[PDB]
Amino acid sequence: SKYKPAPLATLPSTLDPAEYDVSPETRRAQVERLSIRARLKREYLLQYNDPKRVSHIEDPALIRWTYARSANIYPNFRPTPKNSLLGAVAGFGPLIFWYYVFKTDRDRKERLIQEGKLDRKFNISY
Amino acid sequence: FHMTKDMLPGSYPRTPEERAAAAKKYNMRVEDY
Amino acid sequence: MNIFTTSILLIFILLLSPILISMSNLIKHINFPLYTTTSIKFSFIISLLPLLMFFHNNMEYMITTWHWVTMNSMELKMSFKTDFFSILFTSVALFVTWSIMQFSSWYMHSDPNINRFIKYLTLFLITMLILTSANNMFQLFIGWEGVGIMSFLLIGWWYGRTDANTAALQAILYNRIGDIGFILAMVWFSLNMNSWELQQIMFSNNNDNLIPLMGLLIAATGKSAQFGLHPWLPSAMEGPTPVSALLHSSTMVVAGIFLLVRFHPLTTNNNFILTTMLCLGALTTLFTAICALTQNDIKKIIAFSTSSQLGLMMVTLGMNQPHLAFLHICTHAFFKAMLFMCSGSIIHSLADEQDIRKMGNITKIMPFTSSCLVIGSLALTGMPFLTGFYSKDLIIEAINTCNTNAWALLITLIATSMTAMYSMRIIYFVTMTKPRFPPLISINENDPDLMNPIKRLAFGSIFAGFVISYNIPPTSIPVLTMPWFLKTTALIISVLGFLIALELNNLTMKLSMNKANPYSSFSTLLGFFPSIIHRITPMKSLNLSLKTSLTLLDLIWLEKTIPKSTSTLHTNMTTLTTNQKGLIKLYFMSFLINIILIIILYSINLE
Amino acid sequence: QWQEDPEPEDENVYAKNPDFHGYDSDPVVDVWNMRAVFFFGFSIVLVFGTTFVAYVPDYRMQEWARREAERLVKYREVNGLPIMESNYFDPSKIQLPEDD
Amino acid sequence: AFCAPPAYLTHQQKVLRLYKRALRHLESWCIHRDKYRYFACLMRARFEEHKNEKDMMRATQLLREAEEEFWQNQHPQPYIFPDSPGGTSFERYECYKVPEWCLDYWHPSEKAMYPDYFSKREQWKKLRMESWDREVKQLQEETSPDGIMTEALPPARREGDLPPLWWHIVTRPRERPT
Amino acid sequence: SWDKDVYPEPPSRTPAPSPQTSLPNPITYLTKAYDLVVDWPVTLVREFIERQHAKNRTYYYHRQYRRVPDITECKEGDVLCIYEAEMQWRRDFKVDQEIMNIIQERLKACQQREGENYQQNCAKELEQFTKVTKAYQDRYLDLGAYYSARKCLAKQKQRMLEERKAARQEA
Amino acid sequence: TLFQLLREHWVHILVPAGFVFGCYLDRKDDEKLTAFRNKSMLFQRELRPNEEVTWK
Amino acid sequence: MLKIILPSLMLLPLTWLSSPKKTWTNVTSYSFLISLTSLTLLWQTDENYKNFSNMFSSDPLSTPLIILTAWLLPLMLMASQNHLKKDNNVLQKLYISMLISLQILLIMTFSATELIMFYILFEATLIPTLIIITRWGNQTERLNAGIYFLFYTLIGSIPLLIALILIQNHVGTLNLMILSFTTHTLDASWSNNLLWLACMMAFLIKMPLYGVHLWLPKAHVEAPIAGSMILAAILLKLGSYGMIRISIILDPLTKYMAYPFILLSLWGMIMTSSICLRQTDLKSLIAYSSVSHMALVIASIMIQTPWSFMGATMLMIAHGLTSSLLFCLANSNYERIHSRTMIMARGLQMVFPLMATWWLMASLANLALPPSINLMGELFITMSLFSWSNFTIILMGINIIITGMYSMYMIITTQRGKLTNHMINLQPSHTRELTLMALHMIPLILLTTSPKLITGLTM
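Protein chains in written order, with PDB author numbering: chain m, 3 to 128; chain l, 1 to 33; chain L, 1 to 607; chain g, 23 to 122; chain n, 1 to 178; chain p, 3 to 173; chain f, 1 to 56; chain M, 1 to 459.
Mixed in with the good hints there might be a few duds.
Computed cross-link-like contacts, BS3-like style, restricted to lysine-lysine with a CA-CA straight-line distance of at most 25 Å [what the hints assert, rightly or not]:
#1 m:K54 / n:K126
#2 n:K20 / m:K54
#3 L:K434 / n:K111
#4 m:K54 / M:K22
#5 p:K159 / M:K86
#6 n:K111 / m:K4
#7 g:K38 / M:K255
#8 m:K84 / L:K434
#9 n:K14 / m:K6
#10 L:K28 / n:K126
#11 m:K43 / M:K418
#12 p:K159 / g:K115
#13 n:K35 / n:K54
#14 L:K434 / L:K515
#15 L:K515 / n:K111
#16 p:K126 / p:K6
#17 M:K22 / p:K157
If you are wondering where the hints come from, they were derived from the structure by calculation, not from laboratory data.
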């Protein structure tokens, strides 16, 4: 009974064979990442500590995130047999289902109403 | 207009030069893009 | 017709005065906590008088104060229903809140926004009284949602913790899932009866009320933290312990049981609803009493105990015993709140530590708090002739003396045993072992704000069940002739639980190594219910909302279909029409084409 | 690179006028705009209009209908009649088809 | 918190942190202090046994086997110091940690009640405005041209200079402000 | 103040006190205290205010509208007759709503006073409720949000047609 | 100064003047629409003495 | 009605002939006074609606909308003073004139007895709105937004004009009093079905529907605060008013020509309320919530029951107030940081404690917290639908859940959490914007106190 990862319950990086690596290429990658991160940290702190700053600090990564999740979608969208089918179902499937639901329920109702056998004792307001 | 189109996201990168430019834009190590 | 109503309204007037001051410049100077405590105390003393007049003549009123709006054929008024339920709950809740107010004046002396805390407590109390004294269902819904938002604000009292806002949102979500059933009930009664008042709803007694009753049952499930919707209650312990002792222990969570008590004339004639109540309550009782046997955070134990008692109340409502469930509601608050407040003293002294593993002996170092905690645990258990006994005894009797599902009976008895068990777990790891807390001692429990409310609640936990059960009218008929091994069964159960937990703990004192058995990791981890649901259902919800709803349709496909198809069509037809070559030869050739077309049209149409 | 002025620098409007209300940079204008807004919105409208509305009588014939319903139930219980007939229109006023 | 982690984690550090987590989870199981002392002596024995194992292939293999064993028989509800990640009072006071620049918007009336404090504050602000350029150049002139950085800050080499990027470590709001 | 023939209220046969102990009832004495302390100054304020009312006394009346031809007596397209008839129908409609509300109130009050024995002793009010509700249903129910007199008339006509055809048949 | 006091502050007559003018025009409309004054099957009543009109 | 319109006209010469400094105070004050004057329409002591002429009238449905439109003008003026502070006097006067013209045209539309005046003005409300958006918006998408906003509306409205002219040629008049007494069953046929479509789709695009709603978020996002306020509060109510007025002559074709639209509305309610969760832009969140709310109005109007019309009117009024309020709140923080993203400023309860109570109260009104009138409308609409089909409450309830969810998410990730310490430019709250929130909120309290006013013709 040893741990089995899952897309939500992930691997704690202590059972990952990629952390128990002494390979110099991997370590060079790690060092490059720390270099990038320290460069960005210094670029951020030179503003966060600038006493000649009267405005907030603009974050271009966030701007890219938003420009990508809203405005960069359609240009980078091309129709496909999967896109089209998922769109078709997502659009016109729930509608069809609920249409037949409501139609059946209301036809049954109005049938009983014209016929009788359905009582509305104290319905006064509808 | 504070950030230029060369600093915003764009179309899928098909040339490895464009992949490098994208991973640089995003402050990412190319091999990790 | 005058004194009664006068007091019933003056109580609300008093609860409101502090809040109207809070919107004034006095609050700067006057001591607001003491003012609010005094107002609550006086409201309680005033409410004692309706209670007396009801104990005397057993008359109950219907009081319409303000006519809000007449919608055609359907009137809406602020009507109050001062029955046994409302009056007794008002008095009890006011006593408990009077105590909590002092305890907060002491427990929160370091918080700068303490006046806001007191104001929020008072607003919750007002909303609860509305939810409890209401004759109309719109007023009930008002109190319901007000309690919900007040829980959100009080749990999220510390809005820096991203783990408290989570719990508040959690509670909002579950209680809205319950609001759905509440609204289903309102709608059904507005269409089939034309009134949200109970006096007019009562004439649905001889009808099929399965739909609105399932709505009310879902609402109770959500509010009383039944199985499908339990997790929010313990997670609510992110808030300061007075909040936990007031809302998430004694009064708020009790609203579902109170509601189903207020509609018992309609459940008596439906067995489906009774049986599902029975099952839901028994399952909650078992599951939470289990999950509490391995929790090391005292607050969470005191909360799982509350969820178990709520399951037991729902069981009671399942075998057609609502008055018993309400009496348990009233008798439970005393010792449960005293338990929370003892925990809060211990926590304030030991520097926010809430993990019993670092508490140790508390008799020697807090004899008063410890005695009060023991009284609370006893009342929670049977311990004859305390407050808990006078209800739980009859609960066990009714369940073991009626045509009930056998599994529910069995797991309820098992859960009473487990109640004794984790009560003893607290008493052991907090009152009988040797210290594990840091070596510096900054303990003080002499402040009169800490002692007077706790000892009042102790007097309650001791004598209040006797007092009530002897002053109330006879509502139902208790079965009082059963074998020895059924009338003494609750006591046997609790005693065996005590002994078993004592043995297990004296054993864990040994030098063998404890292990992670699969039957405890299931209890220690809330049965995995949160661990899987709280990250599978929001994952799907929030990934659907983006992929299928926002991008795929709104940003892509509707745009492609309607506007970005019209545009392409028209720009292409433009490119066609207007991209000429500027040669008159071709223009005149086209003119010839048109000449011929017109002549042909004419020839065929008319000649 | 073509000519334009550079994006300006945000300003702290409380810097020069700490008693700033949000309306105008000139104090006097600021104070009097504030006072006129408050007056004409709260003191005048939200008070006098509120009263004017609270003292509108028989709004859409609501009190009159109640009084007349009382009159009618009284008359009809005292004269044996029922409280509501299932037919608004006297059938004598109605001539249904001679369907054959 | 105060220090920045390095690029990668060495082997000895991994072993020490495993030791720490194991002893904590064992304290959580062994609630009583004597039991904990005993099983902690046992755990230190288990560690110190392979302490002079020079090879690395087998060292990392032992480390990974130990991580597996720790993930197993792991307390699901371990002790977590209240003011620490996962604790009761983690950010309970992060709502009263108002920064200092919120005083630049204070009203002269609010200020006249705390005059000495604001005189001191203007002194500090002058200090900062003076030291800014010097620390900026101290940073730009001693960046290793190798191309790889370390995220750590240098001290004030020259006398009379203040350590670069200090206004956010200093001026940091207290940890229990009420 | 308010008519009994409209909002009837039974006489409330009250039982006399039968004290059977030596302890005092804390409610009768608290009640005398409350009376002396609250009801007396309030009663005095009320006397004074009612006297100031008696001075500069004012009157107000109930608006009586006369009867005007219904829409049956109006022609297709005649918007004057139709306007008057429809304003009338709306008046009567509001009045019928208020009647139904009066009846619902009587039912609520009856159920409350009776208490446990409301299935008995409260069937006359429930019967009046059923009756007036059947009527209201048959004369105002299935009209839309645009209810008028022509729609009520058409509903009445189809109902009378169905009933006359159920009577002609079987005869 | 008196001119600089009225070169401005004279604009405080436009809107009130507009209100008055609108009331006047509403009265004019009411005057135009007098073809059923005291000629309605409801409110058609015999005229009091000295009452030259039921309403303007 | 002239006593409400002619002052609104003279406001214009008051705007232009005023000294640059006293132009805002005068117009604001006199607009408040006109909002006051508009309170006489509530003097309805009978079931006989107010007809002032052959052209102007006011029923219980148009009176609330007229009062709201007269009350929103000063609030827009106030909100529009922090921006425009650096613009030239003439530009400020032009903005104020646009707003005044909008007020006037809307009061006319709601006072109109005839549908051709209603249509002319319904369309005239495009010019000032488009100008406001494209001339004083900040980003480049101004223009595409204005284009969408124009052409959705016009492509919907043209058929409406054709149908109105057809009704004229068939009946003799487009008067609303006459078309109600002189009515005839519409024989079920494809011609009359297309007539229904023509009469409805213009409003349905203006409410809007789910399938056609992309013009709204683009506008709100790219519109200055005043345009967003008036749009959300009134220019959507316009379609519901039109449908309520014109659905009398479409009977009984509304019984079976509604299923598509009832269904689209009920489902798009869920879709939009879910979008409001995964949405980075606060203004887009408010817009999608508006769509989710107007879906209920569309469904209600489609089933055309009294409870339904009543709930629809209440929800219209309440949503207008609360959405204007939420946009004001968002623009408050926007003026500090100049970003619409809801993730950047996420600890604003530690600096703006009072402004957070406005956020709280609004988000509580956004969701249905009773006894709010945002809740009475939703409740009576739910009841009407349940009577329609007992399977609507499923979707209604999941919408309720999602609504609570995203409103709580808004206020949590905007106010609560750890403050963004780099935001040194978070100036305290202006008395003006505080007055704004107060003026948006207090009327909600007062309506909740007196709901008889916002019920409608049915009650």
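*So which hints don't hold here, by number, going up?*
Violated hints: 2, 3, 4, 5, 6, 7, 8, 10, 13, 15, 17; rest satisfied.
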